[PDB]
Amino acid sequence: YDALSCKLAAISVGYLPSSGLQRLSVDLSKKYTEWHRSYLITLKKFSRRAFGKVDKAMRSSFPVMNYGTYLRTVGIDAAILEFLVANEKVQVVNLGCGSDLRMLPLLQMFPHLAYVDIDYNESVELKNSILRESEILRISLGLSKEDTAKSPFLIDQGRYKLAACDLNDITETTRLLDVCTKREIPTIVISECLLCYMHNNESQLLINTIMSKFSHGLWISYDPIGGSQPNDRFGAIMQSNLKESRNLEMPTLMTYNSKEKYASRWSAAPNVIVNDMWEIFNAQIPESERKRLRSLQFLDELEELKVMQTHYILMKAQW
């Protein structure tokens, strides 16, 4: 599990939590680490294979990757937190949520936040198993150990829902949203490395339909881009590598190969901001953080980080 292993490595080294950017208290900073660590331990209980993959990935993590993971996490978190502070009563829809645990601090931090995690069936089933099995995670969500909830939810517990959905099926997705969100509540939609795996029709229809479901909101999307400069082999190498290692495809990676082309998918939104992660590193990350991260590992090859991070974007679309 790429994202989880990246997260846990960054946490292990100490990149995360970043209490300032993630706006975490002393106790939530501690919990942030504990929750993730428990997630890993509990994953191990449920899958030797997944645990092994994560373990191996974590041990071989390198500084450039860890900076990537840091930037991704604090970039999204900073966007989320700005909007949450401005909008006391809000709903977050995390599309393709995977092992993301941001609901744990956020639900605590924001008493009137409702959060919906949506992913494909197998993913949400494993997440539900893990959240319910781990005592610390169960307790943070006020869950029972045995699978209480009723279809269409695996968890439907206070202000958190966890639901299976085929996000390539937009009728299913809209009907699901109908029963767990309200049109008139400010909505954050999160798609972190979700749309990169979708064909353009599905991702465009998902974008259009979901934005149209909510009077006002913020869509935060994070994804790779193929690269716009001539003879940039990033997309080709990624598309190649995905095809052998994961059998997966990124159908629109070369279509949306610049941050501008990527952001244009949200052009129905009046306010669209897009940055590559290198820009975020240089403009959004305080000197104190840059210094702190330099204390952790040797980033000997800053150009390599730049090359990688200029192929990841954080798109914020508001309406």
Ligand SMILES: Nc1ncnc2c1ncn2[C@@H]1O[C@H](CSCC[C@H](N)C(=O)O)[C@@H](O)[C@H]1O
Given for the second form:
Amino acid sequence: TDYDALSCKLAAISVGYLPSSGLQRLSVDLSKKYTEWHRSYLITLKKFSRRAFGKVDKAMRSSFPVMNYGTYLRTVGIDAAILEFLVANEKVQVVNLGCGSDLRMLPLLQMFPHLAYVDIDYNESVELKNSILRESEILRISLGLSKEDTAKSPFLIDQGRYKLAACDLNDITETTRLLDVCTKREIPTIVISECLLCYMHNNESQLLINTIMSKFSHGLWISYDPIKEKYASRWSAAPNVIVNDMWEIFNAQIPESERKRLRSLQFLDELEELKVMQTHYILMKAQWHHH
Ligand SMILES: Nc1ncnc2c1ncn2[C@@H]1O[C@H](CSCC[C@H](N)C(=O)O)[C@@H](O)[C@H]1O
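Same protein, different form: I have the form solved without the ligand, so give me the form deposited with the ligand bound.
Whole complex next, starting from this chain.
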């Protein structure tokens, strides 16, 4: 089901939905890299695991236009909130909780030179991600890694401004130990729980939100999950909380020439199948400021 995130992302790139140069703000150079980084991740997946390649290859090509619209709003909806925070603050650090197979750090590191980034998943999850980034040549050059495994402890990658690491997020001891050594308190901090909290119980997820919000002074928490007032309540300690289902993001945040561009690639005869599905997915932004 991390494979559902990667299969969706490759189905959107193949049709043309992503990369959107308007919303994500990617040049012709960085849009050529966005497509070549994901496709080099799929080809490298075939080497280390032919079963994992078989699930992602069959799901990508069998994805319908409805499912590709939901992936397009999933990517540019989160990215839009990231770009507002990375322009208002230049020295920023990220903590993508449940990162999985996400490669938004690759374009984000080139655009913002003073951007730290921290990826966190299970031991079985980041072991496969680490092998793919160290094997592919284009993914090696972008992160500035040599083929050697000079990294150390649970830190599978640790080359300057990017750091991959294994950690059970349910175990709060491993999570806070990890954030002490790799991040800083006062530095502005985006936390990204993309399709993560649906796997955890309400006890462990609420402890993860209270502890991470506490350990940083200034920050923004972009979340995304299946199910909106009940979901947004979890971050009530933060004084400013917006919350919106993905049908509301489709109308409000997606501008007019973007609507015509997606219609030109694959026309979605009826917007009803898109509304029913996307009202059951949402997107939460939560900005808190200590001092
Ligand atoms: N307790 C836990 N500790 C660490 N990772 C977890 C976890 N529970 C779920 N995850 C991870 O959360 C991920 C959610 S799948 C979505 C992946 C990513 N957010 C994306 O959109 O591309 C999975 O890869 C899974 O391994």
